[PDB]
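Position chains B and C relative to chain A; hints supplied.
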Amino acid sequence: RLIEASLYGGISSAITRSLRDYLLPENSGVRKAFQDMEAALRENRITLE
Amino acid sequence: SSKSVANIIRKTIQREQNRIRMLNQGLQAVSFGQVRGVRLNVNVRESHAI
Amino acid sequence: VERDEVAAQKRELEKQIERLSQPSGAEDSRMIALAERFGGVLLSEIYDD
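Residue numbers (the entry's author numbering), protein chains in the order written: chain A, 199 to 247; chain B, 1236 to 1285; chain C, 644 to 692.
Pulled out of the complex, with its shape left as it was, chain A reads as follows:
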């Protein structure tokens, strides 16, 4: 998308729609703590099912 938008030129519609998806990096720190803390419950629930 980046390359071809540059090739034809103009304000790309697709880039404009998903602006946050392109310009912001995804951060794992906020998440993995809670995945590990959540683990004991997840396993228990799956076992019960």
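Accuracy of the hints is not assured; some may be wrong.
Cut-off 27 Å, straight-line C-alpha distance, at most; resulting in silico cross-link-like pairs (DSSO-like, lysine-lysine) [stated by the list, open to error]: (1) A:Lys-230 - C:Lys-653; (2) B:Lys-1246 - A:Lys-230; (3) B:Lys-1238 - C:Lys-658.
In silico contact screen, one side only, chain A against chain C (beta carbon under 10 Å); selected entries [unchecked claim]: (4) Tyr-220; (5) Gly-227; (6) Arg-229.
Simulated from the structure, these hints should not be mistaken for lab results. Note that the Cβ used here is the ideal one computed from N, Cα and C, for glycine as well.
Chains B and C alone, transformed into the frame defined by chain A:
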């Protein structure tokens, strides 16, 4: 719990805002016809701010 | 006996994984609160990048 999570979220938000602000300065005073500058405007949604 | 020995290895592996989790993997049990209770920042977090 609680406050510490809020602090890490706030610091991440602050760092992203600052980096964007740095990128933003490189684009000042670019002349394209009648356009004279470009910016990436970053804001925080209310429903999440509260 | 084989079951229990493998269980011991699995417990060690989870404990090792868990130490590397969050927020910037460290002795997270108390260190996060200790980091904010003074006007300071965790060194390992400064060297995250």
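The hints, checked one at a time:
For a cut-off of 27 Å, the pair hint linking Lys-230 (chain A) to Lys-653 (chain C) stands: about 20 Å separates their Cα positions. Restraint check for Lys-1246 (chain B) and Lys-230 (chain A): the C-alpha separation of about 17 Å stays at or below 27 Å, so the hint holds. Distance check on the hinted pair: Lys-1238 (chain B) and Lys-658 (chain C) sit about 26 Å apart at the alpha-carbon level, within 27 Å; holds. Evaluation of the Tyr-220 (chain A) hint against chain C yields a violated restraint, the C-beta minimum of about 21 Å exceeding 10 Å.
Interface hint at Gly-227 (chain A): satisfied, since its Cβ lies 5 Å from the closest Cβ of chain C, which is below the 10 Å cut-off. With its C-beta approaching chain C no nearer than about 9 Å, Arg-229 (chain A) sits inside the 10 Å limit, and its interface hint holds.
When each numbered hint is compared with the structure, a violation occurs for hint 4 only.
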